[PDB]
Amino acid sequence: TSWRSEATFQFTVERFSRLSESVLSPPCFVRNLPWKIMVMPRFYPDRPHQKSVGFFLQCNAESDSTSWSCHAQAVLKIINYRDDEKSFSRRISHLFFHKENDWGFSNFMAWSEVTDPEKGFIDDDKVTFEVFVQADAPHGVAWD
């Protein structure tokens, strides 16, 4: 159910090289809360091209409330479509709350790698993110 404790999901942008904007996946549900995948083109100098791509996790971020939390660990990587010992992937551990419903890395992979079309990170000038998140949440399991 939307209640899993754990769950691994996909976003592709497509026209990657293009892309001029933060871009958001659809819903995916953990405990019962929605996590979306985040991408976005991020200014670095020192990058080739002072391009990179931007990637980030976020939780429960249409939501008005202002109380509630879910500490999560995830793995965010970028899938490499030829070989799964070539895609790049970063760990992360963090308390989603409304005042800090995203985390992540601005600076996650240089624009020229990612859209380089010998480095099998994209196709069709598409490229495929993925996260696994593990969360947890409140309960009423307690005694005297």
The other form holds:
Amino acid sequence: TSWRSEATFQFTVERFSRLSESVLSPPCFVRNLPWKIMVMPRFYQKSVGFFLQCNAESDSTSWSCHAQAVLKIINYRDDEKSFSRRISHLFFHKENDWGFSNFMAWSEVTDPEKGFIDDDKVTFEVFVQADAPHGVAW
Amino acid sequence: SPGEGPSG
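Cool, the form solved without its partner chain is there; where's the form deposited with its partner chain bound?
And the full complex, kicking off with our chain again.
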């Protein structure tokens, strides 16, 4: 159920090579809160920005939830070549997302020989393990 | 660096 303490969810970004604005997945409910994948191009050389967002729409300022997560870009040819990074973060209203602005090089993820992109689609996955929240279910 | 942190 939505009260579960962990879940894995995926979001496939289409027309990936043409991405310009941040894109957001539908919510996955864990600890009864909505978690989402956020992806955007970033520049510093171009990189994939990949973030996990928690409970961002709520106007509450009382809530918090600590979670650990694995953020993964799927390699569709060989899951052993999928690329992942781990985070731990206390999510709350003023810091409702966390991840990596330079998760991977854009030129690598979009390289058709590497196995992450197919039909201009790239799939992102999050495994999130969340603690019981505070300041929500009183 | 992988740029760990918030999106904004």
